[PDB]
Structures are given as C-alpha cells and as structure tokens.
Amino acid sequence: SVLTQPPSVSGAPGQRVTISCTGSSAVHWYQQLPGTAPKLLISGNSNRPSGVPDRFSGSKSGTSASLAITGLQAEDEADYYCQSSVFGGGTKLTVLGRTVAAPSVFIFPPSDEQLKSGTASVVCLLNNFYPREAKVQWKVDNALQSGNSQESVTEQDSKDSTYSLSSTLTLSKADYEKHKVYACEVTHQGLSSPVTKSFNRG
Amino acid sequence: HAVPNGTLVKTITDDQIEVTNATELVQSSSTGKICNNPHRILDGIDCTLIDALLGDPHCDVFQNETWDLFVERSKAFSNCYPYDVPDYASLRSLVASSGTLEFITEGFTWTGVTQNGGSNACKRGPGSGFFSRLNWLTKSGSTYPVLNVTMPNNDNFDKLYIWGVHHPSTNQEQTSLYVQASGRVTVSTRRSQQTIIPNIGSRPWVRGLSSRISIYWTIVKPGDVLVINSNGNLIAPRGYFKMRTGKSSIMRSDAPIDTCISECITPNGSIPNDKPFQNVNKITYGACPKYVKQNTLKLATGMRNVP
Amino acid sequence: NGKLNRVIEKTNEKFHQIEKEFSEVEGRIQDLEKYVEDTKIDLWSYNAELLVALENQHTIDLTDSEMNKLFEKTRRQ
Amino acid sequence: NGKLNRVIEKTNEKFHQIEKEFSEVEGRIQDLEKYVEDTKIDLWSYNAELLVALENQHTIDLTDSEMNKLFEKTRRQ
Amino acid sequence: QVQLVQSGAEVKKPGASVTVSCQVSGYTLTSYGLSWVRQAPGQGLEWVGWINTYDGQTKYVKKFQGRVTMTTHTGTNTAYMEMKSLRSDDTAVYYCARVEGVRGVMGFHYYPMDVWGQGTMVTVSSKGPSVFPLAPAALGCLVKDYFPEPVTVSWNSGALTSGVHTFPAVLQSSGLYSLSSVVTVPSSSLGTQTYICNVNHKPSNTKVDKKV
Ligand SMILES: *[C@@H]1O[C@H](CO)[C@@H](O[C@@H]2O[C@H](CO)[C@@H](O[C@@H]3O[C@H](CO[C@H]4O[C@H](CO[C@H]5O[C@H](CO)[C@@H](O)[C@H](O)[C@@H]5O[C@H]5O[C@H](CO)[C@@H](O)[C@H](O)[C@@H]5O)[C@@H](O)[C@H](O[C@H]5O[C@H](CO)[C@@H](O)[C@H](O)[C@@H]5O)[C@@H]4O)[C@@H](O)[C@H](O[C@H]4O[C@H](CO)[C@@H](O)[C@H](O)[C@@H]4O)[C@@H]3O)[C@H](O)[C@H]2NC(C)=O)[C@H](O)[C@H]1NC(C)=O
Ligand SMILES: *[C@@H]1O[C@H](CO)[C@@H](O[C@@H]2O[C@H](CO)[C@@H](O[C@@H]3O[C@H](CO[C@H]4O[C@H](CO)[C@@H](O)[C@H](O)[C@@H]4O)[C@@H](O)[C@H](O[C@H]4O[C@H](CO)[C@@H](O)[C@H](O)[C@@H]4O)[C@@H]3O)[C@H](O)[C@H]2NC(C)=O)[C@H](O)[C@H]1NC(C)=O
Ligand SMILES: *[C@@H]1O[C@H](CO)[C@@H](O[C@@H]2O[C@H](CO)[C@@H](O)[C@H](O)[C@H]2NC(C)=O)[C@H](O)[C@H]1NC(C)=O
Ligand SMILES: *[C@@H]1O[C@H](CO)[C@@H](O)[C@H](O)[C@H]1NC(C)=O
Ligand SMILES: *[C@@H]1O[C@H](CO)[C@@H](O)[C@H](O)[C@H]1NC(C)=O
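Chains as they are written, first to last, in the working numbering: chain C, 1 to 202; chain Z, 1001 to 1307; chain P, 2001 to 2077; chain H, 3001 to 3077; chain L, 4001 to 4212.
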C-alpha cells in the first residue's frame, strides 16, 4: 500500500492549496510545523478534528484523497503527511513573496583537501533568484550530467523575499581528473537564456 | 472424475483424506466494521450506558435515545460527580435490555428542601451543575424535614426510578448540607423495600472531591406504589425510565459503525452468517453462527480425489 | 448443497446474554459465568467436530459407492 | 488405533472451576451450580454414549464388508 | 486536557539499547492504544509500532521485528519502547501517539493518531563536520560528512549577519549530512581581507573555525 503525493507546494498567504494522496488500498492528514510534533487535522477521510479551523477540507474520489487549505497563512505552512501502516512521502508548504529578480551565478572549485579525500564535489551557487521554479543543469565537458547533483534551496529571505540555491556534485578522484571543465546553467523562468560559468582545472 | 489439486478433509476413520472440492464451515475473519442495518445501532461516544442514563453533561445528546444494540466504546469516561453503583452489572444489564432511555418527568413535591443542588465537579455550561436525571435536595434555610413522598404506578408498564445517596466526606459537610447528624434513605414499594444509611468518611480524591454518590434503582410494577422516605443524604429522582421488553442489548467494541447490511454483530465487526460456525468472537448479537474453538473445519463437497 | 440445513435448521437468533468478559475479580458469580460459557463452548465445539466428521463420512461413502457402481456398469457395457 | 482422536481432538485442560460439593445449604446460587454441573454431566454422558455407538456401528460395518469381500474373492479364486 | 510527556533526549553508542518512555495525562492509558512513530532528521515520518494497552498485544514493522519491544506500566500510566542493537540509522525523533481502538479491533487500522507527544531525540552516532573553503564576488564554507543534523554556522559570531545564507543540510548515500554557507563580499574586500566561519556541532561536540 504505497502512498504518493505531489511535494513542495509553494504559495503566498491567502489562497488555495491542494495536496493529493493516492492510497493504493482510512487516510488521515497530519501537519508537522517546523520543530514541532505532528498534529492531526483530517480524521476519517474528510472529517476535521477538534480545534482545526474549517479552512482545511478533505475530498475523496474513488481512490485519491485531496486536502484543500483555504486562506493559508504562516501557521498553516508546514510539512503535510497522509497516513493509511504506512505514511506519505511528505509535501512542504512554503510562503512566497511577490518580487522578481535575476539569478547571480557563482562557481566554486573543490578544495585541495577535498581532492585528497577523493570525493571532488564541486558547487555552483545561484543567489537572489526568483521564482522557485528554476531548474539547474550541470555541463560536463558540454555533456549531460545526472545522478550526482544534490540541490539545496534557501527559504524566502526576510526582507529580500528571494531564493538562493546551491548544487553540489561529487565524483571519484579516479574519474574527476578526466573532465577538467564544468559549467552550471539555469533554465530560469525569469531568464530564458541560460547563464554559463565554466572553470578549467589549471 | 478427478482434479489436479485437492483439499484434505477429516472423517470418522481418517485424519486426512484428499477430496476434489471442499468448503469451509468456520467463519474466522471479520470485515472490521459494524453494519448499521437492520439493527438499530447506537454508537456511544465517550459515554457509558450508566453515564447517559444518569444524565452526565457531556452525554446530554443521548437523552430519550433508543437502540437495538448499544455499542460502548473503550474511550468512554465520566466527567461528572464521582458516583458508584452497587450491583453495577445488574443495573447496566437491565437498562441495556430495556432498550430505551425514554425519561418521563414526574411531579415530585419536595417541601422544605432546596432542589436542583449542584457541584463544581460536574460543570454544565459555564456554571456548576449535576446529573440531569437526578435532583440533589439540600437543607432549606436551617432545617431538613423528613421527606415522605409517594408516586402511584397507574400505567401498565414498569417504571424504573433511579435515585442515589450522597456520602459526604466530613461531618462538617454532612451537617452543613443536611442538618441531621446522620440521615438515611428508604425507598419502598408494596412488595419490597430498600434502606441505606449514608456514611461520612474521606475517600480517594476523584475529580476534586472526596464525597460520593451511591446509585440505586427501584422498579415499580403496574398498579404498585413508590414511597420515598428520607431524612438526609437523598439524591431524589426527577421521574421514571420507561422499562420495556425487546431484543435490545449492549456491547463493548471499538469497531467503527459503517453503512451496510449484516445480521450478526461481534465486537470485531459485522460478520456474514452464511457459514454455520464462527471463530471470531464468543460475544455475538443477532442471528450469529455458533462459536467454536477450531479455526478450520473442512466439509467435503466432492468425491475422493484419485488423480 | 450446504447439506447442514437438515441437522442445524438455521442460525438461532440470540440477543441478550451474560457477560463474557470481566474487568475486576468478583468471585462466585463471575466463576459461574465463566464456567457456563466454557461448558457451552466445549459442547458446541465437540458437536461441530462430530457433525463435520459424520457428514464427511457419509458423503465419501455415498460418492465411493456411486463411483464403484458406475465403473462396474460401464465395464459390463 | 484409538480412533477417537479425530472426534475428540484431545483431553481439554481445565484448571479452575466452580464448586461441585457443598457443605451447608445456601439457596439460589448453590442450586444454580448444581443444575449447571448436572446439565453438563448429562450432556457429556449422552455424547459419549452416542459416539461409542457410532464408532462401533461403523467399525463393524466396515469389517463386515471387508470379510464378505475377501470371502467372495477367495471363493471365486 | 490530554497530554503525552516523553522522556528526555538520549545519547547512545551503536550496539547499545535505549528506552523511551511516554507518560500520559488527562486520560486512562488502558482506554487508548499507543502508536510509536519515528522521524529521522529531515526524512519524514515512519511508523514504528503499536501497543494495545489493556491486552498487551503488539504490532511492529518487519524492519523492526525483534529489536523493538513495547510495554505498558499501567500503575504510572507510562509506556516504554526499548530498542536493542541500536544502529547509526536509528538516530531520530520518536513520538508516542494516541490511537482509539483497543477492544475488538486493532486501532490503527481505522483510527488516527489524534494526540502526539513532544518526541525524544535518540541520537546513536557521532561524526565531525569536516570544513572546506569556497573561494573563486562571494565566498563560503562547505560543511561535509556529519551525522546528526543540528549544526550552526556563523562568521566571527558578530561580523556577518547580512548576505549570509544557511542552506539546510542535504543527505548523502553514505548517510551523512552536508550543507554550505556562502556570503557575498564586495569585490574590493575579497583580496584585501578574508573572513573566518565558525561551525558548531553539539552532538559531536565540535567547534571548528576556518578562514575563507
Ligand atoms: C476479535 O477481537 C478480539 C478482542 O480483541 C481478539 O482477541 C484478542 O486476540 C489477540 C490475538 O489473537 C490476543 O492476543 C494474544 O494473546 C496471547 C495470550 O493472551 C493471554 O492474555 C491475554 C491478555 O491478558 C491480559 O488482558 C486480560 C484482559 O485485559 C487481563 O484479564 C489479563 O489479566 C491480562 O492482563 C495483563 O495485561 C494487561 C494489559 O497490559 C495489564 O493491565 C495487566 O496488569 C496484566 O499484566 C488474554 O486476553 C488471552 O486470552 C484470554 O481471553 C480470551 C478472550 O479474548 C479467551 O479466549 C482466552 O481463553 C483467555 O481467557 C490470554 O489469556 C499472546 O501470547 C499473543 O501474543 C502473540 O503475539 C506476540 C507478538 O504479537 C508474540 O510475542 C507471542 O509469542 C504470541 O505469538 C497475543 O498477544 C488477545 O489476548 C485476544 N483478547 C483480547 C481481549 O484482546 C481476537 O483476536 C479478534 N479476532 C479476529 C479474528 O479479529
Ligand atoms: C484522610 O486521608 C486522605 C488520604 O491521605 C486525605 O485525602 C487527601 O486529601 C488531600 C487534601 O485534603 C488531597 O490533596 C489534594 O490532592 C489533589 C490531587 O492531587 C493529585 O493529582 C495532582 C494532579 O492532578 C498531582 O499533582 C498531585 O501530586 C496528586 O497526585 C490536588 O489537586 C490538591 O491540590 C489543591 O490543594 C493544594 C493544597 O495546598 C493546592 O496547593 C493546589 O493548588 C490545589 O488547590 C490537593 O493537593 C489528596 O489528594 C487526598 N488524597 C486522596 C488519596 O484522596 C484526606 O484529606 C484525609 N482526611 C482527613 C479528614 O484527615
Ligand atoms: C467447489 O464448490 C464451491 C461451492 O459452490 C465453488 O465455489 C463457487 O464457484 C462458482 C463458480 O461457478 C462461483 O460462481 C461461486 O461464487 C463460488 N462460491 C463460493 C462460495 O466460493 C467452487 O468453484 C468449487 N470448486 C471446484 C474446483 O469445483
Ligand atoms: C493447485 O494445484 C497447484 C499445482 O497444480 C498447486 O501448486 C496449488 O497449491 C494448488 N492449489 C491452489 C489453490 O492453487
Ligand atoms: C423525552 O420524551 C418524553 C416523553 O416521551 C418528553 O416528555 C420529554 O420532553 C423528552 N425529552 C427530550 C429531551 O426530548
């Protein structure tokens, strides 16, 4: 009975949010605020428990349940899980600010001590980019890169209200010394043309 | 005629013999839910039968309810004055078998006492309250007359009167509520009588109190008379519960009620009664298969399997 | 078919019975109720066992006789 | 062999039961206990009688059929 | 009020055994079953097991069979979950949650976990956060290969608060966390002087400062 649901939903305060869990076999919806115990908010399949504001609602189709949050604000933004025993994958709810800017790209070569370790993980940073939807691709001697880049994005800034991402990829030293040039481009929603920044190991 | 694979059954003269086709006779699995038809199920949320009977505040939704099976959840709790029912099992059994909480308020004439006594441990609304089906009589002014009231049963159904005796914790509280140093209660009919001598003593702290209520019941048959004679520590009734006869009963189960059709209800849920024997539970309600200890009983439905 | 209709006419319909689960320990009456229920369960388990055995025995005897008869008649023809 | 293994699976194992001998006279509860025990004893005595009769009947029928079959076959040979 | 109060945080060594306790309050423990749910740091909830108070019958996940035992001390309204043969992967927060059905049915099949405890952080590991520089504008510190998540990074503890970004840690196939903290610097200031970043890791008790 695997459970699936669409992760990482981003939205500003005060609109609709829908999360869809597709049970493959009573599904209940729990909310985990950051650094707090999870809280039940949808019993049964569409019932709400005591203390839960009527903004939350549930709807069950044949085999897909959906949780709708209305007029969300800070305390309504958390991680959300569907449970049936097996839990869901989790969907994060993040606030969004309304301001547009372009990414600022930097590439940082691996450190020498990192090289002697054998895991020459190299990082590319995109600072103050908007919006959340900004896919990033690594170019390995102008070739496709996949399966090794871990990406981590900072939450909305308190005042800048933008995003910053770092993608790091690691490789064995036996094969690291074989490429010698790497690029990190963004298929930015704001910026159609990807920005290339390469570096040669010299 | 023969088949590739066969089922092993047991006869008078054989432990195991293979046959072509064999059926099962023991229903050993339950759907896990209680079908709400055709039996009138009453889901008791957070309320025991006695609590709904007495009129516990958080059980006020159960007033005048009727049922064919009262499902009593394991999460039920009491949140009123700490009471105690001598012969609790008998009262619960007969109330459950009656099958209705229909309460008819009768006009009792309590002269010289303060009715509608309440307490902070049983909070109804924002203020202090009490059981809705009982009447806490306390001294009026500075006296407590020997109450002597009566009610005749002129109808042709049994009447069930639920009354109680208040055991105070301290002698000071005894004399503050009932001026007599040690009163008593006596509820009697033509055929039987029942007298209680309330005692005064501290008891384990429950819900902020050391005093208790002892809950007793009296069944007035048609044409009979009730006489209540007390001189203190009386929790008078407000009326009577209409007793009945029927197929009503009670069950302790946490299974959730579900919308479906089934005749046999066990604490593990509704089970089909097509098979003659069942192994789910020994507590049953309705047209249920007979409980057996075996988990499987194969009935041969074909010829001996010689492939 | 079911074949047990003749022996067990139907599922008899019981509504209110004794308590079969107890929380505390009372004494005489609780022991009596436990003993009564255990006696009933043992007797019905034995009855079920014997009934199944008898039905199986008679069914196999009948089918075996029919198989043997048909084999003999077909062989003779 | 024993042949009763199939019908009575084993000797069920009972540890604590009601009192079956009383010194004084109590009344309702003592009469109930006596009645329950007598009912159980009568039912089990009947079950034992019927089970023995059935086993004897089937055993003799089977052995008689085998004897007759072997006599016929040996006579034909 | 219904409350569940759990034990304090436990710090153990691999191969040992730990015991997390859950003290209930505001209701009787035997009225509700009690589920146990773990959460590895930043890995979402994972159901561990279920104890049926009032009859003691348990149900664990196959992944935890044998090495997890749940018992209920009814006298103190307390419930204990002990894990034997601890591993590094078991570092997580553990929550006791209240489930409704104890009699007739297994509760978690049909009922939710309405009340949760605060959870205890059982950490069975220790690993020093290796620090590497990141220089080419901007400059940063890459923290790598430390197991327990809580790790803070500052810059001279009073120098940089603006322009610094603390990317939340990320997993690794080795099971070790890593993050980075990069700050913009004026192009003039990068060559004139450099900053020193302080990385603090309480579970590993490691306080390492590094420049650029
Ligand atoms: C339909 O629903 C019913 C109702 O739930 C289900 O019945 C339950 O089924 C499960 C699984 O089959 C049973 O669990 C198994 O139990 C055996 C041994 O059980 C023996 O003890 C049982 C419990 O005794 C405690 O509780 C009773 C009642 O509360 C109490 O009187 C006792 O004194 C005892 O109390 C102790 O525990 C309390 C709670 O912690 C403490 O408060 C207290 O202080 C004490 O410490 C007992 O119920 C059981 O059977 C008796 O009752 C049944 C009637 O239900 C009757 O038929 C019997 O003849 C007995 O009279 C036994 O006495 C246990 O060994 C099993 O463990 C297996 O699994 C574990 C891990 O999973 C393994 O480690 C084990 O080796 C073993 O493999 C298992 O837990 C449960 O007992 C039973 N009854 C109840 C009331 O829950 C039924 O299964 C459902 N059927 C279907 C088809 O859905
Ligand atoms: C005869 O002997 C019995 C038994 O010794 C006595 O009964 C005790 O009486 C005392 C007071 O008369 C009771 O004390 C009260 O206990 C309440 C319950 O406390 C328990 O539960 C809380 C959580 O709810 C725990 O924190 C606590 O440790 C206990 O486990 C308290 O809530 C009461 O507090 C109130 O009064 C105190 C007084 O200072 C205030 O500070 C509080 O803020 C609050 O207002 C109080 O402590 C005790 O519980 C009784 N025990 C039992 C078993 O019933 C009789 O008093 C005694 N009688 C005579 C005539 O001698
Ligand atoms: C053995 O007998 C049972 C009893 O009829 C058969 O089960 C039924 O099979 C029919 C197939 O036509 C189904 O439509 C029914 O729903 C079945 N009923 C049940 C209760 O299972 C079974 O098919 C027979 N098996 C063999 C091998 O003949
Ligand atoms: C049916 O026969 C097959 C082999 O022919 C055997 O593997 C199987 O166990 C039998 N029963 C069922 C239910 O498939
Ligand atoms: C319950 O029923 C009786 C008569 O049937 C009626 O007098 C009384 O008002 C009813 N109470 C409620 C709460 O409906």
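Don't take every hint at face value.
The calculated label-pair distances, taken between Cβ atoms and stated as ranges, are [stated by the list, open to error]:
{"id": "1", "chain 1": "H", "residue 1": "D3031", "chain 2": "Z", "residue 2": "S1188", "range": "40 to 46 Å"}
{"id": "2", "chain 1": "L", "residue 1": "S4017", "chain 2": "C", "residue 2": "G71", "range": "57 to 63 Å"}
{"id": "3", "chain 1": "Z", "residue 1": "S1029", "chain 2": "P", "residue 2": "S2065", "range": "34 to 40 Å"}
{"id": "4", "chain 1": "H", "residue 1": "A3048", "chain 2": "Z", "residue 2": "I1104", "range": "20 to 26 Å"}
{"id": "5", "chain 1": "L", "residue 1": "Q4043", "chain 2": "Z", "residue 2": "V1206", "range": "28 to 34 Å"}
{"id": "6", "chain 1": "Z", "residue 1": "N1021", "chain 2": "P", "residue 2": "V2025", "range": "48 to 54 Å"}
{"id": "7", "chain 1": "H", "residue 1": "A3048", "chain 2": "Z", "residue 2": "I1257", "range": "44 to 50 Å"}
{"id": "8", "chain 1": "H", "residue 1": "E3049", "chain 2": "L", "residue 2": "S4085", "range": "46 to 52 Å"}
{"id": "9", "chain 1": "L", "residue 1": "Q4043", "chain 2": "P", "residue 2": "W2044", "range": "50 to 56 Å"}
{"id": "10", "chain 1": "P", "residue 1": "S2065", "chain 2": "H", "residue 2": "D3031", "range": "24 to 30 Å"}
Far from chain H, some chain P residues (derived; all Cβ distances over 12 Å) [claimed, not checked]:
{"id": "11", "residue": "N2005"}
{"id": "12", "residue": "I2008"}
{"id": "13", "residue": "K2010"}
{"id": "14", "residue": "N2012"}
{"id": "15", "residue": "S2023"}
{"id": "16", "residue": "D2031"}
{"id": "17", "residue": "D2038"}
{"id": "18", "residue": "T2039"}
{"id": "19", "residue": "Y2046"}
{"id": "20", "residue": "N2047"}
{"id": "21", "residue": "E2049"}
{"id": "22", "residue": "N2056"}
{"id": "23", "residue": "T2059"}
{"id": "24", "residue": "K2073"}
No lab work stands behind these hints: they were computed from the structure.
Ideal placement from N, C-alpha and C gives every residue a C-beta, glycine not left out.
Of the hints given before, which are not true for this structure? 1, 2, 4, 5, 8, 10, 16, 17, 18, 19, 20, 21 and 22
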